[PDB]
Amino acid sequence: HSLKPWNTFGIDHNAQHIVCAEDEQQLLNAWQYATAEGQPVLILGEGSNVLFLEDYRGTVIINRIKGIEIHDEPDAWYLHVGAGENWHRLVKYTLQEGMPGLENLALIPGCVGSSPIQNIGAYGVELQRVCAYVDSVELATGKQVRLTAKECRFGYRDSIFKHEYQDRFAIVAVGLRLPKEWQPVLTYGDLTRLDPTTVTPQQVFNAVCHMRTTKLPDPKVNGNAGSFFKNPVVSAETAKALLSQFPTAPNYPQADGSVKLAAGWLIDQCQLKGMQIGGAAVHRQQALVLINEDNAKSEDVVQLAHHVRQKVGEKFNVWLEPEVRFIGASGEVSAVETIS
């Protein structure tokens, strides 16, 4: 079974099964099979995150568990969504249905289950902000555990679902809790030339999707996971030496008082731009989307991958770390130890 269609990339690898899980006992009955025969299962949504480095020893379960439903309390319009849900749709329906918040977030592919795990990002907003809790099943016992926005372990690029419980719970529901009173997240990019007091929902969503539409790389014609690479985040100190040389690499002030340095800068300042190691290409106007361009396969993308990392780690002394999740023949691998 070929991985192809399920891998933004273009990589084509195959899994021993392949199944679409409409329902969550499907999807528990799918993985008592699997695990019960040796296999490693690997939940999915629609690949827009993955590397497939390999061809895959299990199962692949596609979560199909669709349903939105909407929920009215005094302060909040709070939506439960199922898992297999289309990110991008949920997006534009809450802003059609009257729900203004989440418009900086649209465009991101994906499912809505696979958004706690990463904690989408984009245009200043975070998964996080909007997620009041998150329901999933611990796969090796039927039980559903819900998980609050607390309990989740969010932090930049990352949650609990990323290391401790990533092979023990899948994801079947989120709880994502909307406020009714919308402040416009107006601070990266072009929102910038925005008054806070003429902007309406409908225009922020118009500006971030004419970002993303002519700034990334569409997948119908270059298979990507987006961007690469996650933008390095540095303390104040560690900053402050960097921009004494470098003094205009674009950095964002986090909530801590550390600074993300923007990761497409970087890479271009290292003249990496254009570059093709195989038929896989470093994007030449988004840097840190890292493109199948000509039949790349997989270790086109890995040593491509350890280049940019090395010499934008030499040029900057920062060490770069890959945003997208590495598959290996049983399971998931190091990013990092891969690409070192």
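Positions refer to the first chain, counted from 1. Between two forms, the rigid core is the largest collection of C-alphas that superpose within 1.5 Å. Compared with the form deposited in another entry:
With the rigid core aligned between these two forms, only one of 160, 234, 132, 76 has a CA shift of 2 Å or more: 234. Residue displacement note: residue 253 has its CA displaced by at least 2 Å between these two forms (rigid core superposed).
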The other form holds:
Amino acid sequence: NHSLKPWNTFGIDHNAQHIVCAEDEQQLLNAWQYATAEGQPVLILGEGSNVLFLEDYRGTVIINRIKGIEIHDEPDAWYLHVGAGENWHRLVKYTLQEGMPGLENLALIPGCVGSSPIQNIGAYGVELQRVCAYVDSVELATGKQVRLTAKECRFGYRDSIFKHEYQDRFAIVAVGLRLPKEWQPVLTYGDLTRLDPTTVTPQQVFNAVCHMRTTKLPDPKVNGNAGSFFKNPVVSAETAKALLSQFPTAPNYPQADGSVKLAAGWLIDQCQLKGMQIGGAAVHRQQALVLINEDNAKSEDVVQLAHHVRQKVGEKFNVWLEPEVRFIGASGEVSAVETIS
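Form deposited in another entry, following the form deposited in one PDB entry:
Just the single chain follows, nothing else.
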């Protein structure tokens, strides 16, 4: 019925039975019961910057546009209650304008605020769990409100409880953020290490990060994409050691649990996949992990190319990449790994 092309950054042109913009929590709950009473599946979307529509969605797509930014003062920090429909970068830009630093490393990350805790948005040595106080959700079937604390969200690398037992039944309506008044700059990543720690300000980091991302990362407006198509593979300590014996120059960081996060873009580049094209789908020439809609790409083309990238990295390194972009079937979420396997 209705084209989803304007509602996803990848530029995939599939149809949805019905599309509605929810301005508040109750309108989202109302749109749920109706579609659910009609026997339709319901998909809660934000800005669509990390979704891959595989085919026509045979249901209702509720676009979360719940606005609001409340500020609460405590002696040692600022507490922000932000609506799920708020643009993330606009919020990051707003907080720095009001003199509330903390989100400057997460600048220019696309998508809404409601989607930020789902895969714990992270960039330049900072993740959302660092500043997340809580996340508000409504049980879609009943309309009952639930406030999960930062600990209850079970944040990990591109992972949270909203990708598991809170995935299907719940819709995020608000996100709580704690910004410490005693600001501590995170400058241990890339070209931010070249900033002077003694004189660095939140705005200098924000402007630096925005310039780094604009010049280096692929823009969906030039060629449609959903950021990094694959996650940076988090492998075991022994698996990382065996790989580093053969490939000692492989970029890697040790994790809290003792696992090892390997660079996906590096592994893909080492297989000579830059510029590889399956139809309209293409691997970007700078950021190899970013798949792009180069020329009227089918959703099959992207899945076909993603499989080919996964297989070549798998045969060379014995490391099997998992998609960070979420795959949407005809009736809702599907296993992205099983689709590319």
